[PDB]
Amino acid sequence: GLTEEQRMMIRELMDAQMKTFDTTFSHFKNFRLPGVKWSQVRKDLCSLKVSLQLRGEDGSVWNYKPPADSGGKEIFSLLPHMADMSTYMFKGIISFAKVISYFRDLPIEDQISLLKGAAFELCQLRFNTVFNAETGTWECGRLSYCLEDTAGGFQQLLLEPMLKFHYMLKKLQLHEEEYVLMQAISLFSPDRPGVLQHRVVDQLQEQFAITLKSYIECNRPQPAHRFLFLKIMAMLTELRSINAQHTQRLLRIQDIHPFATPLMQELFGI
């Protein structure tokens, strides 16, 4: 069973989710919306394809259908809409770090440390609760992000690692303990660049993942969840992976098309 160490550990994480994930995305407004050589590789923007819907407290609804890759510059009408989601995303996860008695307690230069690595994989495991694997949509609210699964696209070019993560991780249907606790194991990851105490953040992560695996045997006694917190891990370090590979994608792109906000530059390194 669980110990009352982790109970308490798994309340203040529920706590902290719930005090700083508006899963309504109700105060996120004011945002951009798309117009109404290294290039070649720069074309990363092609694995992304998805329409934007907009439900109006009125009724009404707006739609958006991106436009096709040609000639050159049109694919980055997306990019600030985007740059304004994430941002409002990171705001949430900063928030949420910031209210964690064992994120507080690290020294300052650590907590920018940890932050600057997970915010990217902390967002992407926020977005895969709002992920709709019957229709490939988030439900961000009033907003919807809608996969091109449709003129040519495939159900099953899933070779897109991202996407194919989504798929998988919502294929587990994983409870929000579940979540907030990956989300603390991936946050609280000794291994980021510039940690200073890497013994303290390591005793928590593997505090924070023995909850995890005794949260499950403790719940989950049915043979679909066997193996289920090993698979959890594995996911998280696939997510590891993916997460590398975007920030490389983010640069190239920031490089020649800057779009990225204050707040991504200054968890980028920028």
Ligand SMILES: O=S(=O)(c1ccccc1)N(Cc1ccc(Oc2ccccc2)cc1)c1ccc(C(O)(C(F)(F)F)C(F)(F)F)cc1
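Residue numbers count along the first chain shown, from 1. C-alpha atoms forming the largest set that superposes within 1.5 Å between two forms make up the rigid core. First, how it differs from the form solved in complex with the ligand.
- Lining up the core between the two forms shows that one residue from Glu176, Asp149, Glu160, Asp84 moves its Cα 2 Å or more, and that residue is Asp149.
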Given for the second form:
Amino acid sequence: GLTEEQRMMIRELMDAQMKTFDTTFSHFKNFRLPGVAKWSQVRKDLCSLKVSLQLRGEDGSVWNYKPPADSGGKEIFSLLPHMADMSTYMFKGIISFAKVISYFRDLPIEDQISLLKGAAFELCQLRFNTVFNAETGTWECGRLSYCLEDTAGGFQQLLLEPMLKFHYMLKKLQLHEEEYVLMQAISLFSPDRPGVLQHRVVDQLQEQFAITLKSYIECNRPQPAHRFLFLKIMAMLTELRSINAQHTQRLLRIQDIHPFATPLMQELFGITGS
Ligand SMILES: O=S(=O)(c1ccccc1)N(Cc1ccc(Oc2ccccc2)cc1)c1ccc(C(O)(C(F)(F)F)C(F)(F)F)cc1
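Take the protein just shown as the form solved without the ligand and give its structure as the form solved in complex with the ligand.
In what comes next, the whole complex appears, and the chain from above leads the way.
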């Protein structure tokens, strides 16, 4: 079954998640909002986001934003300031998650920074899948809601952008909170990240989290639908890392044309300021 050590690993991760995941986004406030040539062509990477924004007030008021269509203009950058603020809020939560976990704290500062930089996007996306509604194509973030706008091919066309397909595929697995936090742990403690000194310790931690995840699934999911779940999750994690490397390249190209990264995002991506 589950060993007490395995049950102590899950509890440590689960408590770290509860303390640092504001699932209602109640402290996300004071954020920016959109106002009331091969480089540029590629930089039209932005069209795959296609998101509408809803902001519900406590008074009952609802503000709704619909994005501009591309007209060969700067209007494509209208939502980047808001998204940078949301990304920064999510990343701060992820940093707090790592810092409250005993195993991460024990690691050297240099390794802690290297691991956070490598896994920050992946951990944020894993948390965002918990708030994603597959039926509505919407990410429900407290009073903010982010809805995918209609596209010609509809669902299938959205499933062509890897980030979106990841979200739909992961949600279909119908994971428990314990399985999400183990995926975060496996992704955070990745030994093959640039700059990791204590690779052997990190690799052993990762294997223990994966063993714990495999054991959790074996003990709590006996149904033929959950056959090969551990391996599906591990493949998902491998795809997320490829998505992460692609997203980094897309982001840095936009930044090069149209700077928008916040200070914390600049630190994450090694932008110096000079
Ligand atoms: O993948 S989503 O859900 C998404 C959102 C909208 C349309 C399609 C897909 N996402 C949310 C998200 C937020 C944070 C994150 O982790 C990061 C951690 C540190 C630094 C950067 C990211 C990962 C996903 C999303 C949000 C923004 C972006 C951007 O590339 C954008 F803005 F240039 F499109 C940018 F620049 F803001 F990061 C991409 C995906």
